[PDB]
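Here's a solo chain for you in structure tokens, the form deposited in one PDB entry.
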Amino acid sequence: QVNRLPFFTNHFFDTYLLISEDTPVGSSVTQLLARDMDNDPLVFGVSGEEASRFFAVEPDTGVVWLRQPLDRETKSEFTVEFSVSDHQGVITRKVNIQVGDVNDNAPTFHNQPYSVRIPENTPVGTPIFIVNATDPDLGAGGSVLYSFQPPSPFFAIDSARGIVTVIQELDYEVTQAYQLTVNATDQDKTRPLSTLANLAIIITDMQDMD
């Protein structure tokens, strides 16, 4: 019986291999599995420059491990080729890789620093500022809610829109400036992430002696 080449048996050679982006470097991703009808000893590998940058393959076993972090936010799908040889010949076969998203970004505020000057006689109800953050994670992990931390008795903030309003009469003679902490938190159900930003509110002294 003349030589037959080995063949792979993993299902993912027909469909795709989904790997979560939170897979730690150094962790195994899968094991390549193959059969050689001559019962030859096998050597497993990875074929291609980019593929070899992200994946290492144990030659004696076909265990695939991660060499560099995956990042769904940079590249979420790509192709690799894996190899198996019986020391006589070698086959290479493509696999579609999809990188699975996790919530691994907190929100980023834009156009900082935040500051605004308002008169001490600004009427309650007046909108005075709009904060802005974004978050690149998918789904609920990319949805941002705003709040003041702790809640302010002088200013409200719309948790969806980021619009800040005056909610109590101001008084320069008591407070000449506020330094408010804005919290932006994403809405991931399992592991929400937060970012803080300052909003400085400078109060203009008005000639308001009673």
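For clarity, a rigid core is taken as the largest C-alpha set superposing within 1.5 Å between two forms. Residue numbers count along the first chain shown, from 1. First, how it differs from the form deposited in another entry.
Of the listed residues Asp104, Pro151, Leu66, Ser52, only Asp104 lies at a hinge between rigid parts moving between these two forms; the rest are more than 12 positions from any hinge.
Treated as two rigid bodies, the chain shows a rotation of the smaller part against the larger of 11° between these two forms, based on C-alpha superposition.
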Contents of the next structure:
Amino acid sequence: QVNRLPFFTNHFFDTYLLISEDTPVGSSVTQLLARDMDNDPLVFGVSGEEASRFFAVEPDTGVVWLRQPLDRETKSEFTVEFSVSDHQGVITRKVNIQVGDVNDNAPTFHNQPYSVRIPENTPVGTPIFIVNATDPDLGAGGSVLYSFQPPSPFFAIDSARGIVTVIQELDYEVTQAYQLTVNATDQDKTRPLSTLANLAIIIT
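Next up, the form deposited in another entry. The previous block was the form deposited in one PDB entry.
This part shows the chain on its own.
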């Protein structure tokens, strides 16, 4: 009987652990599993400065809890070193942690305020202005579409490119200025987020 050392048995050590960035602080993200053939009392730990800022471990149960919010937009992959000890040996093993994205950002407009002077004789179909908004979520969640709320019979906006065109003959005498509201939305399937911006069009 030399001491048998314990070993982790979590399947994730072979692959990776996926954790959603909306996991709340204090939630349990997994439970460490280890075996010691002596059946020695085991003590679980986390090691690393980076890792111990984000996770804590219950020492007897091996429940791993989140210490502070994950943010997929800041950091989407961590390497975490976990430890298990029988008080004669500290065994360590690394897991790759993958942060899952949620749609948690609305689009942000750039180059505001938006304002453009055009002559009353601007032909139909003429491009007059380009709005721009960006959105750092993954995938459909980060893909911006533009529209006018509500649509205008005098101006259209290209949904993908944010280019404003004249679609109706203008008339200074009828209308001197339009205040349009541009909606930029992401395309998240179930929880789209959008944001509004003002576009002033001044007729000459």
